[PDB]
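**Q** Chain by chain, the residues run as shown.
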Amino acid sequence: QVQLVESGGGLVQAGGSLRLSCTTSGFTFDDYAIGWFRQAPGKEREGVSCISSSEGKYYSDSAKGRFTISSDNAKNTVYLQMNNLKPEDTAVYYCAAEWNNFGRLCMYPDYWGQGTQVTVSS
Amino acid sequence: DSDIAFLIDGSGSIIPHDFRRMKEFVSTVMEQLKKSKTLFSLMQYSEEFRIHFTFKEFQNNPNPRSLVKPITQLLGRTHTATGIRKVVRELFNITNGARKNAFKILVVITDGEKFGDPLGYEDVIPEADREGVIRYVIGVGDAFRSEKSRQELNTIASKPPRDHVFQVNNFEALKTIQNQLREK
Ligand SMILES: [Mg+2]
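These protein sequence lines map, in sequence, to chains D and A.
To convert, count from 1 in the first sequence and add 1; that's the entry's author numbering.
To convert, count from 1 in the second sequence and add 131; that's the entry's author numbering.
Quick caveat, the hints were computed from the structure, so don't treat them as lab data.
One thing to keep in mind: the hints can contain errors.
Claimed, not checked - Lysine-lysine pairs mimicking DSBU-like chemistry, simulated, CA-CA at most 30 Å apart: (1) D:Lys44 - A:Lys290; (2) A:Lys290 - A:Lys279; (3) D:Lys44 - A:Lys279; (4) A:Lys290 - A:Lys231; (5) D:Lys58 - A:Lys290; (6) D:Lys58 - A:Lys306; (7) A:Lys154 - A:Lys200.
Unchecked claim - Which residues of chain A face chain D? A partial, calculated answer using Cβ under 8 Å: (8) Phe275; (9) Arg276; (10) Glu278; (11) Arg281; (12) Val296; (13) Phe297; (14) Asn300; (15) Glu303.
As the list claims (entries may be wrong) - Label-pair distances were calculated between CB atoms; the ranges are: (16) A:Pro292 - D:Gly27: 21 to 29 Å; (17) D:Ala15 - A:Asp254: 35 to 43 Å; (18) D:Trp113 - A:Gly251: 30 to 38 Å; (19) A:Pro292 - D:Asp73: 27 to 35 Å; (20) D:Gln2 - A:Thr286: 31 to 39 Å; (21) D:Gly11 - A:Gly207: 44 to 52 Å; (22) D:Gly11 - A:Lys168: 57 to 65 Å; (23) D:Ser26 - A:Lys187: 53 to 61 Å; (24) D:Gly9 - A:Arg196: 47 to 55 Å; (25) D:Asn84 - A:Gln163: 43 to 51 Å.
C-beta: ideal position from N, C-alpha, C; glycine also.
Next up, chain A with everything else stripped away, as it sits in the complex:
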C-alpha cells in the first residue's frame, strides 16, 4: 500500500562515515519493513545520478544488505533540486514497479547544502505535491548547525514540516513513518 523512495546525497560534502551511516539507516528502514506491503527504491545523487535499484528490482530481490552494500559514493557538487525532479518522474513511474494508487513517500537524506543545481526547490516541490508524494527529510552531519541549511529543510519537507524532518543518528523518522503507515 506504500511506495517509499530514497534519495541519498552522495556529493563531496557527505563525509565517508556519514555516508556509511546513511547506508545502514536506509538498510534498517527496508529491513524493518520487509514482510509488509511496502516497496522500496533508491537514487543516489551528486552532480550525476545513479538509481541503485528500482521498485521492480527490489520486488525481484528483497534483500536490503545485497542491494545497499555495493553502493559507492559519487562525490562532486550537490544537485538536490534536480534529484527531486528525477525521483518523481523516474522512480515513481509505473514502468519501474511503482504502483499508481499507493502511498508515495520520498525520503531525502542530505546535509541541506544544495550547490550548483540549475533548479530551485520552488520549481520542483509543486511537481512532487501534484503526485501526492509525502516528503521526509533526514538531516546529516552539520545540517542542523547553520541557519541556511535548517531553513532549506523546511522548503523541501512536506506541508507539516514538524512531522517530516529528522536526523540520521536515530530512527525517530522510521517510527513516524511506521505510525503514519499504521494509521493508513
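Excised from the complex, chain D in its bound form:
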C-alpha cells in the first residue's frame, strides 16, 4: 500500500537544474516528514533535505543555498528543486518518510522509495 515514487530524474549538463518529485500514497501525508537521500555506487550515503510541517526545513551542507525542498499538501507530493548541479551530485536519489512526531527531521526514515537516477555530465 505505502508508496513513495520518485520522478524528475535524468541527465543534465553541469550548471543545469532539476526538480525531483516524490508522489506519495498509502499513508496519511501530514503525519510524516518527508526527506531526500542520495547514494552513488561506491560512495557513502548522504542526507540531502527534509520538510516537516512542525519542524520546518532541513538542508545538508552540500544542499544549502543551491537546493529548495517544497511540499504540495493537497496532492501529497514533495519536490526538491536542485539548482547549480555538479557531476559530484550524480547519484541515485531516494525520497523517504519519517513519522513527524519523533521531531527528528528525517534522521531515521520509516519508509523508502525505490530511488531514481540523477546523472550530471559536462
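Could you slot chain A with the ligand onto chain D? The hints should help.
**A** Structure of chain A with the ligand alone, referenced to chain D:
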C-alpha cells in the same frame, strides 16, 4: 533496576527558552518514573561542570521540582566529550549512590555543537560502552537543522541509533525508555 543519568548542555548555545524546556523535560521523566525502581542523577556542563544532584542525593530527596528549580544556566563553550567522561567516571560510581548491577542509562540533552572540547567523541564512547551505559540523545533547538550536528548525534548515540535519538519538544524518548525498561 535502572540508573538513569542526565547530562544537560548549559553552554552559551542553549537559549533560555530551550534550557527551560530541558528542565521540564528532565523533571517530567523523573516525575513519571517516581514510585518505580529508577534512580536519577544530573550533571550540567558547558566548559565547567556542576553535578546538581547525585544518585545518592536523589535517593534522600526524591522530589523532582525541588531538585531542578534552582538549576541556573552556566553558559560558555560546549565540552560535550569531556562531559561524557565525567558522567561515566563520577555519576556511575558506587560512591555516589549508583548501583553496580543496574541498567545504566545516560540521557544527553544538547544541540549537537561540541565546541572547544580537548577530547573527541571517539575517545569517550569506548569508555561508556565498557560499563554498559546505554546512551539516549535528545536534540534541541536547531540540532536537526544542520548536517554537522545530525551526524554528531549518531556518534554519541548507542549502537542502534534509531532507538536512541529524539527531540525535547515531545516525550517520545520517555516512551521508548519506558518500553525499554518494561522489557527489562
Ligand atoms: Mg554552545
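**Q** Decide, hint by hint, whether the structure agrees.
**A** Hint check results:
Distance check on the hinted pair: D:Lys44 and A:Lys290 sit about 22 Å apart at the alpha-carbon level, within 30 Å; holds. In summary, the hint linking A:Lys290 to A:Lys279 is supported, as the alpha carbons are separated by about 19 Å, within the 30 Å threshold. Straight-line distance between C-alpha atoms of D:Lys44 and A:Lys279 comes to about 18 Å, which keeps the hinted pair within the 30 Å bound. Distance restraint check for A:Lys290 and A:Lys231: the Cα-Cα separation of roughly 22 Å lies within the 30 Å cut-off, and the hinted pair is therefore satisfied.
Note on D:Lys58 and A:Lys290: the hinted pairing holds, with a Cα-Cα distance of about 27 Å set against a maximum of 30 Å. At roughly 26 Å between alpha-carbon atoms, D:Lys58 and A:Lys306 fall within 30 Å of each other, so this suggested pair holds. Restraint check: the Cα-Cα separation between A:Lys154 and A:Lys200 comes to about 8 Å, which is no more than 30 Å; the hinted pair holds. Below 8 Å, beta-carbon pairs count as interface contacts, and A:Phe275 has one with chain D at about 4 Å; its hint therefore holds.
Below 8 Å, beta-carbon pairs count as interface contacts, and A:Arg276 has one with chain D at about 5 Å; its hint therefore holds. Below 8 Å, beta-carbon pairs count as interface contacts, and A:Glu278 has one with chain D at about 4 Å; its hint therefore holds. At a threshold of 8 Å, the smallest CB-CB gap from A:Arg281 to chain D is about 6 Å, leaving the interface hint in force. The interface hint given for A:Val296 is met, as the beta carbon of that residue sits about 6 Å from the closest beta carbon of chain D, less than 8 Å.
Using the Cβ-Cβ criterion of 8 Å, the hint placing A:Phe297 at the interface with chain D is satisfied: the shortest such distance is roughly 6 Å. The beta carbon of A:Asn300 comes within 5 Å of a beta carbon in chain D, closer than 8 Å, and the hint placing it at the interface holds. Annotation: A:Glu303 was flagged as interfacial toward chain D, and the flag holds, the nearest CB pair being 6 Å apart, inside 8 Å. Between A:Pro292 and D:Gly27 the Cβ separation comes to about 26 Å, which falls inside the hinted range of 21 to 29 Å.
For the pair D:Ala15 and A:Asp254, the supplied restraint of 35 to 43 Å holds, since their beta-carbon distance comes to about 41 Å. At roughly 32 Å, the beta carbons of D:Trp113 and A:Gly251 sit within the given window of 30 to 38 Å. At roughly 31 Å, the beta carbons of A:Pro292 and D:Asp73 sit within the given window of 27 to 35 Å. For D:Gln2 and A:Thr286, the Cβ-Cβ distance of about 36 Å falls inside the hinted range of 31 to 39 Å, so the restraint holds.
In this structure the supplied range 44 to 52 Å holds for D:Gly11 paired with A:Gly207, their Cβ-Cβ distance being about 51 Å. Taking the beta carbon of each, D:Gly11 and A:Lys168 are about 59 Å apart, inside 57 to 65 Å as hinted. Under the hint 53 to 61 Å, the C-beta atoms of D:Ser26 and A:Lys187, about 56 Å apart, fit the expected range. For the hinted restraint 47 to 55 Å between D:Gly9 and A:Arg196, the CB-CB distance of approximately 54 Å keeps it satisfied.
Checking the proposed 43 to 51 Å range against D:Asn84 and A:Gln163 shows it holds: the Cβ atoms sit about 47 Å from each other.
Hint compliance for this structure: no hint is broken.
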